[PDB]
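Single chain ahead, written as structure tokens, the form deposited in one PDB entry.
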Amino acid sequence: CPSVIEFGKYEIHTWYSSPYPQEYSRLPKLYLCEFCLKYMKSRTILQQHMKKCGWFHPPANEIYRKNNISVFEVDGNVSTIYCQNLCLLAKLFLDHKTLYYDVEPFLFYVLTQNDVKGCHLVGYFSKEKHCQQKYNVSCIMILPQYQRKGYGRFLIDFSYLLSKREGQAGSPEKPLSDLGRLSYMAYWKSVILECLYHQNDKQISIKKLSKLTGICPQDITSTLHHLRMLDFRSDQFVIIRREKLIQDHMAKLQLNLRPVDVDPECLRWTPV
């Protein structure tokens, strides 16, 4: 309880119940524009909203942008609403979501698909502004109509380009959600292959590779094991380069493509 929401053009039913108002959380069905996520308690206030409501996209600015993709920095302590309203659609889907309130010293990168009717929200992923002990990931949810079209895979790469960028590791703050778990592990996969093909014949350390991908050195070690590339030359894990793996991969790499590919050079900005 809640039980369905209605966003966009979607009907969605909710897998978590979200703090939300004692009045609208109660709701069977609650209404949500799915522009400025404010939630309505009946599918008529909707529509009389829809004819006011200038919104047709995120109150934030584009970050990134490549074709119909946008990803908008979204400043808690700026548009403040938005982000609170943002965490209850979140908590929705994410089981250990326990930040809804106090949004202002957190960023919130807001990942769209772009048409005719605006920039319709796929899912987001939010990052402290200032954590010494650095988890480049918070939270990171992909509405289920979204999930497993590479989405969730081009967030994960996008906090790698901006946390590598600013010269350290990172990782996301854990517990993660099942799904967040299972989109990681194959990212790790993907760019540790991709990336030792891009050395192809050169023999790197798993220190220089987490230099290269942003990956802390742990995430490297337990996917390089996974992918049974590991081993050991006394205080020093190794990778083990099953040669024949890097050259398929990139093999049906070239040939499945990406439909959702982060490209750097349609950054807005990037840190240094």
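Only the largest set of C-alpha atoms that superpose within 1.5 Å between the two forms is called the rigid core. Numbering follows the first chain given and starts at 1. What changes on going to the form deposited in another entry:
For residue 29, the Cα coordinates differ by under 2 angstroms between the two forms after the core has been superposed.
Annotation: Cα of residue 12 displaced by less than 2 Å between the two forms, core superposition. In this overlay on the rigid core, residue 264 has a C-alpha that sits less than 2 Å away from its partner position between the two forms.
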Given for the second form:
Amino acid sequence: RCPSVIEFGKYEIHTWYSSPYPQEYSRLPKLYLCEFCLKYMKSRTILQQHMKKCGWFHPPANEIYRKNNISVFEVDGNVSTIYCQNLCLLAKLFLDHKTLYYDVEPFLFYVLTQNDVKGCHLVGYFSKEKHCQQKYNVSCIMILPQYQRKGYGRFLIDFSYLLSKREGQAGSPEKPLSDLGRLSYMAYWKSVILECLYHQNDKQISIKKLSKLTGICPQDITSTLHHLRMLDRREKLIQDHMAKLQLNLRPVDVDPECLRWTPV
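Form deposited in another entry, following the form deposited in one PDB entry:
Here you get just the chain by itself.
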């Protein structure tokens, strides 16, 4: 498509969909990118050289969260646009439907990186509209293929709530969800609902099960409806199975103590 292959840092990623990447570029069979400034080039050489320049070895904004190897940078669409602009171009290679590219300023971009000697490496990000048409904690979410199926999605998902969590403003993802995203949430809400069942041998509410969580009442209910736990209902034998499951190998989980972020 526009195009077939790209080279990120080291890895070569096979795109899923087209991206506006300027005709002149798109046409080129492979699109070399630069791990950090996210600049599209035309050749390995043009890339290979440019890398002596740059000096960018991590995302533009401030680190809001750093624990162990993982980190998130809250990049403002306004402050450092072109990056965000390029993030969208990169992202669209993996989102079938993605409006907004050039108009980045209205969004905040939260980019997750996995860090080592060579730098703070982009592993994926999520989008969030500054001032919301609909109260919408997630506008977009993406994890690069080479990192997928490793719990980075949930991490980002989870992070996105902690954000709205301490906003007091419980939101939800931009609901025309991709197929992949859909499962990511459906399965995240489950885990996080079945979470509290084992962490409160007392029973209470749905609107309380909210707030203390942030998964808005519309959701989580639809989740429970998708379960054998619809009823505004505890399945002690499942709530067990999952908290039993977690004890095998935990996540790559967000630690709220390790996040420096004030709302508004």
